[PDB]
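Below are the chains, spelled out letter by letter.
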Amino acid sequence: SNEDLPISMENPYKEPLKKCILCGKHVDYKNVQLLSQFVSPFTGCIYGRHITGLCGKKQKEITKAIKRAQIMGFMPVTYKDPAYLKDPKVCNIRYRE
Amino acid sequence: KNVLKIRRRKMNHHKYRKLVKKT
Amino acid sequence: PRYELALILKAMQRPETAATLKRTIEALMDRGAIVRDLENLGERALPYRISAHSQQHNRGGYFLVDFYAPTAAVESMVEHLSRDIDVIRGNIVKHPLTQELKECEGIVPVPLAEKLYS
Amino acid sequence: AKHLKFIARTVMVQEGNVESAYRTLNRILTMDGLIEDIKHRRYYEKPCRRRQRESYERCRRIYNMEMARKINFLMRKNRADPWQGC
Amino acid sequence: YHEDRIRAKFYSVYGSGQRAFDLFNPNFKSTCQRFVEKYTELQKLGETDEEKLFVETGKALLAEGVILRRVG
Amino acid sequence: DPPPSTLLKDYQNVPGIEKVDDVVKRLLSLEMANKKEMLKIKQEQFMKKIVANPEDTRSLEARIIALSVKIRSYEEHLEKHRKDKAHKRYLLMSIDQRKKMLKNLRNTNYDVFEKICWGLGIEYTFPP
Amino acid sequence: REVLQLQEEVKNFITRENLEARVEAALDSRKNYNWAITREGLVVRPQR
Amino acid sequence: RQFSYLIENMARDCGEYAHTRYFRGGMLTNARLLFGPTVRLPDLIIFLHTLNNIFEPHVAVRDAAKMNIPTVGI
Amino acid sequence: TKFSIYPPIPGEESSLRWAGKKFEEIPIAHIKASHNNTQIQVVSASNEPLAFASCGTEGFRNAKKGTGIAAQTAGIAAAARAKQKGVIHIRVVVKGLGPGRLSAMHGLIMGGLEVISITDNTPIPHXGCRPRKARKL
Amino acid sequence: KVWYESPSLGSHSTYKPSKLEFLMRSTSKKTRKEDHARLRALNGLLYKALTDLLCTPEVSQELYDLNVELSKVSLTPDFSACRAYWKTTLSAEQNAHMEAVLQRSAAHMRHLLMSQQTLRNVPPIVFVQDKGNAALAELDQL
RNA sequence: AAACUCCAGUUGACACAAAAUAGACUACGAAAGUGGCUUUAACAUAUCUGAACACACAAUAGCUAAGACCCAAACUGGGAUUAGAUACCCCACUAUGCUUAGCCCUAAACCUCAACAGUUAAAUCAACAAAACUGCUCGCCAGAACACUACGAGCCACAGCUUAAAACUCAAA
Ligand code: FES
Ligand SMILES: [K+]
Ligand SMILES: [K+]
Ligand SMILES: [Mg+2]
Ligand SMILES: [Mg+2]
Ligand SMILES: [Mg+2]
Ligand SMILES: [Mg+2]
Ligand SMILES: [Mg+2]
Ligand SMILES: [Mg+2]
Ligand SMILES: [Mg+2]
Ligand SMILES: [Mg+2]
Ligand SMILES: [Mg+2]
Ligand SMILES: [Mg+2]
Ligand SMILES: [Mg+2]
Ligand SMILES: [Mg+2]
Ligand SMILES: [Mg+2]
Ligand SMILES: [Mg+2]
Ligand SMILES: [Mg+2]
Ligand SMILES: [Mg+2]
Ligand SMILES: [Mg+2]
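In order, the protein sequences belong to chains D, S, X, U, E, P, C, F, L and H.
First residue of the first sequence: 46, per the UniProt record's numbering; consecutive thereafter.
First residue of the second sequence: 128, per the UniProt record's numbering; consecutive thereafter.
First residue of the third sequence: 2, per the UniProt record's numbering; consecutive thereafter.
First residue of the fourth sequence: 2, per the UniProt record's numbering; consecutive thereafter.
First residue of the fifth sequence: 65, per the UniProt record's numbering; consecutive thereafter.
First residue of the sixth sequence: 66, per the UniProt record's numbering; consecutive thereafter.
First residue of the seventh sequence: 155, per the UniProt record's numbering; consecutive thereafter.
First residue of the eighth sequence: 149, per the UniProt record's numbering; consecutive thereafter.
First residue of the ninth sequence: 58, per the UniProt record's numbering; consecutive thereafter.
First residue of the tenth sequence: 55, per the UniProt record's numbering; consecutive thereafter.
FYI, nobody ran anything at the bench for these hints, they're computed from the structure.
Treat each hint with caution, since some may be false.
[Unchecked claim] With a cut-off of at most 25 Å between alpha-carbon atoms, the simulated BS3-like pairs for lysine-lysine come out as follows: (1) D:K112 to X:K103; (2) E:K123 to D:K63; (3) P:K145 to X:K95; (4) U:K6 to X:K11; (5) P:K150 to P:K164; (6) X:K116 to H:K102; (7) X:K103 to P:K101; (8) H:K87 to H:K55.
Could you build the full structure based on these sequences and the hints that come with them?
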């Protein structure tokens, strides 16, 4: 018929879907350094996904990892271990003065 | 909706339970 | 199946720490376990004070034992660890490396209408 | 009780300014939800009541975020009238 | 269009040209369009591989004086 | 039950499994696996014993054998968990579903219905 | 392939004969499972 | 309103009529009252834009159909 | 060096000092700010009591105990008895959201004590005892 | 939508809160129930914008050290000024220093709100001390 | 006000009670329910529909027996309020909430939406709720009130549950 007519196919310019900082990485309860990045420095409270930026799957793994590490003797509950206060700040929360 | 039908049933059941209690 | 024993031992000198590990690995073998590896995570301060066997602990030796055992061995091993006075806290979990992580394309957007609707 | 002390919920005072240190501590406890948690725990909230308020709070937050997004989007045209007189 | 596949790869590999689109000129040709036309010419010469047909096209334009700065 | 030394259904037909170290044989046996792996061996044992084509899993016979293995697992579960109402429901539902299968197999293929009853030890009962 | 890989690993598995050697060989070593993530998704291994 | 001035001039040039302003309720359906009993309404209404400034249909589209006036519209 | 709101960690080597004393050696002012009272106890780093004052021990009674000015007065009283024992710098540990939570700290300062840190230790159970039923008002 | 109604017929209409619109607005017009919601939401954004500017060190090192906290922020519906209530500290002298720093900063703050162009058309920002502790300051001085 | 004053504060030891944050998530389960950790077992059906009663379950409250008991808490007692206060407010304490073994079988047990399959074109549609419908099957309904009642029958239920009328009365509900 006509060569210039549109052709059916999938979007070639489509961009990849977004990925969380932990997409594709194993979350172990023994890696307290990683887990400590998602708890409050002052209170030890686990941050919600709106603060951590994690997806539902990794938000769940982090939560389950923290709870396991805390009661198994690897991670404190009421505060962030001070050793990990100088690690990269990956959470969208501003606290001090 | 209003609870006027429930209120009729409520009083009927209260008075029945009280009647059974007395006798 | 394949399990991982997270073992926190009483802070002791090298001879008594080795005797505790040997006594603990033999208990696994006596129950039919095939021990794969033993890892030392180092002695550290506990995240909180732990009372075990009429003693208070602030430091402990963290060790891992990767092993295979029948499903009935877990219950019997947990009981053995509860009676060893040199073990502060011992937990047996399914080895994390057995569970294979499923691939993720990314974060699909969720319609806000569903949020309030749900 | 079994944890180390003077780490959790601890703020240092700078240059003797205790008012600013107290405001920082109160801001920390507020953002982490401890202040609201303490208050809701003075009397027992019954499970049906907790679910109702949690459901009300989640729907109000969504409605406010969606109403903020709409105004931000519709404020782009708040510029001066380009066709005044027409 | 079939050429959209070539445009997606060109933008990924080389990015958008520092040259500015002039959508007022109805006969404007961008660096990507110049790349697509050469890519189409070489395909008609019998070459059928995709990864090979893309590398030869970049060389041809460099010979013609075109600036192709790879993004990464 | 199959012996604990029995190899897993996946590793039984790999070439050279009989010449590996004893430790490797223990790690590929039922002893080192969960109970669900023992049930896959039981199902395959009944399939070869009863059905004409042991690889046809969509036939009414294979479904009766597969469900009969699940039913036996629930019975063993409930022998140790007598207040588990969730699995008691699953058992009673599974028995009802098998009876429906047996009813449909009896009506369509009686010779196969008889072999399923003999092989699995099922005494078919007509409903009241 | 899984039986072959597993057959080599069994050579390094702990046994009653080599138990003492592996127990002592562990007290001298250290295994670190800690690492941190960045906003760009990059792992930051510990300084050791 | 970007084109109000352009459209008003085009109407004057061709000898026709333009309504680019706020459309008051009943210009067509109540014309005799607003203009007089002998007012002649348009025989053709040409919409260069069929939507009003709240992205709804221009009221004159519905009212032109009510008055049996043919409409041309972009 | 820039100021850190995070307290110095014990066992590490900090340069901060108060009258030649390390953070671990500074006495502690324990403020219990209840809804109907405020209690202040100053103790040494070794848990030796040095001063105690509450709104009740300062002559306040009934609803007057549950006021800021009553807590401020209790702080001044505890500060005076603590200053006599050699206390200048104190670490404040306040538990409770009562009206004397902040006022009790002001009284400690007006009494001659210098607060170097503030710690909240308000008890929050993580799941714990059931509180009393809601009030109908 | 939610139990809170959001079916507005003129939903797409461009919200234009400017001082000039009020003078051309019809006072005869009666505000809709949802007309307040648009104003209430804008006030929430102005609160978040000022509150965030306050806690960032760079904007003004004087401002950050003060650790100012805003009690409430209600823009005037007239659009003349953006009221910005700031909680008053108990220290009597500190309420003057904080107030003085705020007044000087306020002039620069308005330009910095134009950096966030969505909030560009912001009226002159006005800071109000919370009389709860401030009113008592005047009396105790006398 | 009463109450306590072997009381309170700090520190240490310390549960058969309850499970911050995560959770702004919306998952699991037939429903009821299920949100600390670990492990074991484990989540029926290769066409659907199919029971007041068969089969198996079923929050809270409650019963029988033996235990635990921090805290909460009907009832009860005391304080106060009030014209009265068998309430609302304060304090104390019990049954009870927990465990074990049996019962009991109810709920605004409610997305107030029966199961399955299909459609988005017709008229979009009484109203509101939750856009409007088709096929097919089971269950159920036929003015109000009498009536979650009477009688009968069944039931570990005995002041109970399930099923469930009639007479008199009204022109509404
Ligand atoms: S986006 Fe892939 S795991 Fe989070
Ligand atoms: K919990
Ligand atoms: K409901
Ligand atoms: Mg009645
Ligand atoms: Mg059915
Ligand atoms: Mg039924
Ligand atoms: Mg029936
Ligand atoms: Mg019933
Ligand atoms: Mg029940
Ligand atoms: Mg009970
Ligand atoms: Mg009590
Ligand atoms: Mg009384
Ligand atoms: Mg009791
Ligand atoms: Mg319990
Ligand atoms: Mg319910
Ligand atoms: Mg049905
Ligand atoms: Mg009737
Ligand atoms: Mg009833
Ligand atoms: Mg009855
Ligand atoms: Mg009867």
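Now for the hints, and whether the structure bears them out:
1. D:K112 to X:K103: The given pair, whose Cα atoms are some 22 Å apart, holds under the 25 Å limit.
2. E:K123 to D:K63: With Cα atoms ~34 Å apart, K123 of chain E and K63 of chain D exceed 25 Å; violated.
3. P:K145 to X:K95: holds (23 Å)
4. U:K6 to X:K11: Measuring from Cα to Cα gives roughly 23 Å; hence the hint holds.
5. P:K150 to P:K164: This hinted pair holds, its Cα atoms lying about 21 Å apart.
6. X:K116 to H:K102: Given that 25 Å is the threshold and the Cα spacing comes to 24 Å, the pair holds.
7. X:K103 to P:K101: Cα-Cα ~22 Å, so holds.
8. H:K87 to H:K55: Cα-Cα ~16 Å, so holds.
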